[PDB]
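2 protein chains.
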Amino acid sequence: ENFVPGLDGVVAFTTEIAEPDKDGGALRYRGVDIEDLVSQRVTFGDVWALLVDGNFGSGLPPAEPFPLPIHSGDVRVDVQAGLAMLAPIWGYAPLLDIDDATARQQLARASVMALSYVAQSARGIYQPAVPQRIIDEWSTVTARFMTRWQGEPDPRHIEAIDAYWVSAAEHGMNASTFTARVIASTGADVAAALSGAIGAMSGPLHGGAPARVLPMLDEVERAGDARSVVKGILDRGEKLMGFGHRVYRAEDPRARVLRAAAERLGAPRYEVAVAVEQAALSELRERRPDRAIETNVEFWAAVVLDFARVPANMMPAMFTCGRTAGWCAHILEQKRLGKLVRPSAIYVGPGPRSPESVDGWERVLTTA
Amino acid sequence: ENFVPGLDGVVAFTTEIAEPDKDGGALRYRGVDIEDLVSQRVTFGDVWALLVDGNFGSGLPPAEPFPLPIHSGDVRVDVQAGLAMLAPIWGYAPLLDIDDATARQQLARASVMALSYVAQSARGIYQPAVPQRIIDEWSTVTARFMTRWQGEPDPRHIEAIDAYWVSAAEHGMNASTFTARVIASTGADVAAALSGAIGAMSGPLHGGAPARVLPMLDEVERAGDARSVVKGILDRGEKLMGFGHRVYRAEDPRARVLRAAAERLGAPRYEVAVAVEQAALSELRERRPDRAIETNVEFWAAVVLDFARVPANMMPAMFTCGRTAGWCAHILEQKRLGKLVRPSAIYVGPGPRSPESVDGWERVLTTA
Numbered sequence: 006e007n008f009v010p011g012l013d014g015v016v017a018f019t020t021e022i023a024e025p026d027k028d029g030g031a032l033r034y035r036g037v038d039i040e041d042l043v044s045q046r047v048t049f050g051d052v053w054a055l056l057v058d059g060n061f062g063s064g065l066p067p068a069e070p071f072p073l074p075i076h077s078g079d080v081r082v083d084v085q086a087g088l089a090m091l092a093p094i095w096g097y098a099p100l101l102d103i104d105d106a107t108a109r110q111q112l113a114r115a116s117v118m119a120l121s122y123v124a125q126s127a128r129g130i131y132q133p134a135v136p137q138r139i140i141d142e143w144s145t146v147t148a149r150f151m152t153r154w155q156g157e158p159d160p161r162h163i164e165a166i167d168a169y170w171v172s173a174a175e176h177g178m179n180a181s182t183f184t185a186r187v188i189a190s191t192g193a194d195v196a197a198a199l200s201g202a203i204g205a206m207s208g209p210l211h212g213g214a215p216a217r218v219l220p221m222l223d224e225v226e227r228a229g230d231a232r233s234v235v236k237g238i239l240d241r242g243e244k245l246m247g248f249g250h251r252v253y254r255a256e257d258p259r260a261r262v263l264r265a266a267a268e269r270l271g272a273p274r275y276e277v278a279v280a281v282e283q284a285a286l287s288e289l290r291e292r293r294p295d296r297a298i299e300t301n302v303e304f305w306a307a308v309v310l311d312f313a314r315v316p317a318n319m320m321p322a323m324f325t326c327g328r329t330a331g332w333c334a335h336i337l338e339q340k341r342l343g344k345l346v347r348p349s350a351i352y353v354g355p356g357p358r359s360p361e362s363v364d365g366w367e368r369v370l371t372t373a
Numbered sequence: 006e007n008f009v010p011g012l013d014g015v016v017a018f019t020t021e022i023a024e025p026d027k028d029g030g031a032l033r034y035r036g037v038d039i040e041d042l043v044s045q046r047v048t049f050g051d052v053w054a055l056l057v058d059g060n061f062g063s064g065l066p067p068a069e070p071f072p073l074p075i076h077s078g079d080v081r082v083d084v085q086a087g088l089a090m091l092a093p094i095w096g097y098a099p100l101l102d103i104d105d106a107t108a109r110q111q112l113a114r115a116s117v118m119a120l121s122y123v124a125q126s127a128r129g130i131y132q133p134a135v136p137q138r139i140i141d142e143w144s145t146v147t148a149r150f151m152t153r154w155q156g157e158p159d160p161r162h163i164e165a166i167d168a169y170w171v172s173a174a175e176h177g178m179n180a181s182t183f184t185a186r187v188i189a190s191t192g193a194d195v196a197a198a199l200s201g202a203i204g205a206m207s208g209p210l211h212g213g214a215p216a217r218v219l220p221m222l223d224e225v226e227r228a229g230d231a232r233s234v235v236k237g238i239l240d241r242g243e244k245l246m247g248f249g250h251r252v253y254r255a256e257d258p259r260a261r262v263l264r265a266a267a268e269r270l271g272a273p274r275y276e277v278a279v280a281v282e283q284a285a286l287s288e289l290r291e292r293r294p295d296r297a298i299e300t301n302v303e304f305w306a307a308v309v310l311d312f313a314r315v316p317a318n319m320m321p322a323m324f325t326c327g328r329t330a331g332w333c334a335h336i337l338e339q340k341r342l343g344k345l346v347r348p349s350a351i352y353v354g355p356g357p358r359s360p361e362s363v364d365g366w367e368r369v370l371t372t373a
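Read top to bottom, the protein sequences are chains A and A'. A prime marks a further copy of an entry chain. The deposited numbering puts the first residue of the first sequence at 6, with every later residue one more than the last. The deposited numbering puts the first residue of the second sequence at 6, with every later residue one more than the last.
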């Protein structure tokens, strides 16, 4: 026929959750801009509630003691499997059989427990757990995350993560968000939908690699040698990590608030990171002025996460931790919609044949 | 705008795997009809290879010893989590980094291991495992499944499962198949895509409940009292399990081969099940002749699975076991496509506002 495969540009839903204005250079959760939410130090628990409920009514409850049962050596796999396992032990009914208030409570409980699992998986099995009495000294979900992970958290490192999670909470109908909405549309339990979205998020096609810009930033020692290093990397036929074709028509507003938070909090890498950004951006727009070249959000996400002592293998899990807010918001919205997401396909394969006309049919009879 | 939410009737892919002819009353895997595949006693391992590879070249290798690590009390959850955990231990690279031959080998290894996990989870933890030397006495994947599950399998019970799995291997772009194709389109590992599809399959909206027709069949003792029982169930305002609006224009060809296999193998429930089918079908078309009423595939799937001593809580897992053939076929096809499945959405929510104009903003400042 006359169609392009991939559902590209096909409107699948109508949402009231968030609006990514790509030509206006803005990201608004329920109408509120993300810069307002970050600059006012609104914690992740409230932005979770704002995205899901639609207002600042009631935030996120604290997680319950639950030692992580999965130790696969992959933080993604640990939270993906551990989330699916919550339905039997906690008695999660399918979305068909529960009302909206029950689904919200189940989503908030699974969200806050995924954060507990990531902090436990990151801390590792070769270290004893942080006592729950120490974790309870803090009152926010992010502070408790750092305490369960590191033990004695630094408040500036908590503010960096609260800023990163808020800027990563929701960004439209990503493939993981679509997967969560599809699984939820079949009536399954909320834990089955969250677990499936994590599998989609683990895909490297869409996400960016924040841990790949850190080596380049380690080469440059002062703001001066940034131009020469960017010169050598481009002259050696390699690529510049953190820069490419624009996503928004101007810059990404998420890269805005991340860079601003890195400056406000006083990240040591900020002086060198700024010099590298202009040294890059300059070189790329001179070597190919025909393309719109901007700084990807992964560039300043690396500066913020590295400032909070987040290792390389932990950065992909830090994204998933914040993205649970948008996932639960779309799961609950998909529940109220009440429509199974079911596309169609066209057969272009072989016509009707007999089993004898298929190659290898002799092996079906020889080794029957 | 002027659109209906739900991606209904939107062609998303073009497949060469299988063709569900709904008006011609036929289901063909790569052009071969399912009745030919079942009547010729072609084992599930070959139909797996035919759907994935496109011919009868090389079938399914046997599973390796691997005690199931997940005991959640839900067979679905056990295979969903255990499949995701295979990537770290087995070194499954993302789909982006592996070639087609590697993806096929990884898919065949994860498929055959999911069958091992289901047989282990069904057998239960309160029973010692079947020795591997006993399992190795059999040469087909289905016979080894029954041996790992029951110990000493009955060949007629193996033929029933081989017939059921072949008829359940693939049926178009089901929401689980879509979920598998979406997750695979992000470049993730094959284990992450299979694990996500299982979460979608667990949804009760699309699948049917085979274990719900067994109680009705237990009431009717001879072929005679079938009409009276169907009379009482309809007169008591209840519903008739296993009958409803048609899926195919005539009958489902899957219900055809399942009923035929139940007759060919000599299922004890066959005489009563036939009488109940006509007693039902008669009553429904007389009480409402305006609708096309047919026997759902779940009705004869229950007779076949119950004949093979499959309990009620195990029947949903038996479907997933056979559906892995279609899942792997679409995962490998999605890999060769090379296009991220990414739809679009329209914001209809609140416009740009200030954080102070949101309800509950006082609680953000009071409990800051």
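What the hints contain is simulated information worked out from the structure, not anything from laboratory work. Heads up, a few of these hints could be off.
Any copy will do: because identical chains look the same in the list, a pair fits if it lies in one copy or spans two.
Unchecked claim - Mimicking PhoX-like on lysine-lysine, the simulated pairs with C-alpha atoms at most 25 Å apart in a straight line are:
(1) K344 to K236
(2) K344 to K244
(3) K27 to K236
(4) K27 to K344
Verification of the supplied hints:
no. : hint         : in the structure
1   : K344 to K236 : neither (53 Å within a copy, 33 Å between copies)
2   : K344 to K244 : between (44 Å within a copy, 23 Å between copies)
3   : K27 to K236  : neither (31 Å within a copy, 62 Å between copies)
4   : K27 to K344  : between (28 Å within a copy, 22 Å between copies)
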